[PDB]
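Heads up, the chain below is alone and in the form solved without the ligand; it's given as structure tokens.
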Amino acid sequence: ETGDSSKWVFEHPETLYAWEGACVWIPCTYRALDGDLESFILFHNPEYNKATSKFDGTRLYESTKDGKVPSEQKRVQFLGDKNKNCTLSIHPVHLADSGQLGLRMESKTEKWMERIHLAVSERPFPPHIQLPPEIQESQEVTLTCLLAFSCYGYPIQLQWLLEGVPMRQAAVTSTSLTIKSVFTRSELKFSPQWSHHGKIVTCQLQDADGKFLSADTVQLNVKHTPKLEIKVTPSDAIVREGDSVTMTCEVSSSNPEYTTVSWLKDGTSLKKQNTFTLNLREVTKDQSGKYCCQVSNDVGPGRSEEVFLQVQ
């Protein structure tokens, strides 16, 4: 390395991702204080040789050879110019391209080697689902699927699935292919209910035709108030005076776990009744009415259905 960093400025994604058979599109801009370029060489994994004071390694593009040939056919194309643009294109990209790309540039009196890492996986890597840390029932959440890839030669699509079924909601797909970031994003608005807790949400990466490429899956953690099931003995809730009545309050689902329970009779809170079992001994005709239980967790309180107790 015999370069003066004050003579060069570069703006590019410092790491780009792709997979075998796809393509990579590398946005890149630069400014050379020493003037226009006189030569550009694209190395793959360059190594500086102290003997000849030169860089050894595989040359993927040479301005003196490839820059004189019709390049529309070529796999490796330099789409830049002499003063401001260093954009690269590799179509198709191969696993052997994985490593660091060496942008060897020379002005009239200055030389520089700008390095960009290219991570190519053998298989298409999965996207990444991003969820809010807190999801509760009846809340509208934006499901975000992020893929750190985008290239013009290889269009793709992100498909949202809920329990293996494509989601009916429309998704908004956005792409960025700039010197700052390269990604494909999909956003889907979605209002989960309590029944979506524990279900599987899938974001599939597909090609332009719809062939499966990869997928990321998340198991939804959906907070919800306790869903209650109330039972009464006797079953018909019809008694006569003096008999005993037992009502129980079962939590069929709660996220997070319940913390308290109370009982109500015709809208009136039953004091000293803070367990999941209500026992009425020697019932009078005044104890007739509509009974229900209420159970609360961190989300909020829930209520069971009403039992119409009748004292004949």
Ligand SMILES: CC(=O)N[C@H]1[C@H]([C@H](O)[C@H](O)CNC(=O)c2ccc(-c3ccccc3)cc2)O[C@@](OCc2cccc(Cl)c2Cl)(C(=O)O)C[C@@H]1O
The other form holds:
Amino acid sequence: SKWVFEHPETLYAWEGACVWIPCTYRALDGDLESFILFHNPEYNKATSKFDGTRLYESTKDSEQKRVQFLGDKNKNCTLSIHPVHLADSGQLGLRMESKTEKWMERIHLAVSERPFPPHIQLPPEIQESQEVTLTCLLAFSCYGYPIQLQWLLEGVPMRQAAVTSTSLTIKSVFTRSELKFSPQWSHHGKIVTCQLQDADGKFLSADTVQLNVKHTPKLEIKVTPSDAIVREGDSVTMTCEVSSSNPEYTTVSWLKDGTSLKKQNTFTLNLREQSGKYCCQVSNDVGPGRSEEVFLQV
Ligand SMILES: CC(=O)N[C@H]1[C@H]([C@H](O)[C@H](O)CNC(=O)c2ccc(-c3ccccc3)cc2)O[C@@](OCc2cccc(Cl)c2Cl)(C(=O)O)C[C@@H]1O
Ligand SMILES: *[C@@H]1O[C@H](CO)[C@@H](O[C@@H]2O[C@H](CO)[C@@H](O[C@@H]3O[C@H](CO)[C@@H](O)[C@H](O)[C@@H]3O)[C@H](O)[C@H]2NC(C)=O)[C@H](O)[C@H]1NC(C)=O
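Moving on from the form solved without the ligand, please list the structure of the form solved in complex with the ligand.
Once more the chain from above appears, this time first in line as the rest of the complex follows.
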């Protein structure tokens, strides 16, 4: 092919930040003679030339420039806008001319007014006491504007270490943060926030997810002489109360000192007359959960 370009389809940024556009190319007609960066170019069919605002011209050309061309005449078309503005948003046009040929390359530059939020990616299955990696992705990375990704649990910064990686190549531009932590059952339903911050820790944007932590049933056991009176062969009722269970429970059974009881497959244990330790067991798709032992005495 005469002109082959490699660059991201779209580059993202927000007002006041910067944008770094990785770009490589190759023209079979040799080195370039002119480069012009257009903003929303329009081909003028009359004059057979391109019109529109010009952000950079190789004929008129520094490090004190907002728009910079970090490339050369043979293989590099990297662009830098520092700072980038909402008006730069749109379709950039890399208008290049070789010895005998011409070419126009389109790069999409999506600049939002406010910093856009990152994205949390949850694994489909999170369960109590099983280490899980949470990933926070941001489709942005520019050297002139360093950022950071902060993990929060119920608005509180998390103490677990988070590996932060960045990519700024012709294929993809992102900032990635991976957090490893072992959740407990109480993390179910709580909010995790990936907060985007600038170099000094100033808030920019955030994404939140409500955790879904599967766990065995957590059981509250209540006995209704309040303790252990009976003193004869009285009537005692014991109830098994599920404090939390994800997913919902399936079966319930009562156990004395060790072995399950006679056909006691209900949430209430009714004794009408056997004076050991008692506890209930409730199961869900995760597995069985037990309650604390109650000691009945005559
Ligand atoms: C090797 C070769 O074929 N070179 C010829 C070169 C390539 O074919 C041309 O660059 C390849 N890209 C495109 O088509 C292109 C790129 C970007 C955008 C765009 C759109 C919206 C926003 C931002 C960007 C649109 C099209 O096209 C030329 O004429 C272009 C021409 C002529 C008449 C009528 C029209 Cl409408 C047009 Cl676009 C030239 O000088 O660019 C002659 C050269 O000889
Ligand atoms: C096209 O050519 C330009 C210029 O040679 C290349 O830009 C250079 O890219 C490197 C990264 O590969 C930049 O290094 C960075 O420096 C900052 C500190 O300024 C540092 O914190 C980073 O970790 C990184 O090391 C370098 O500054 C930059 N040069 C200029 C003048 O901006 C560009 O990579 C080339 N494009 C491709 C697609 O290869």
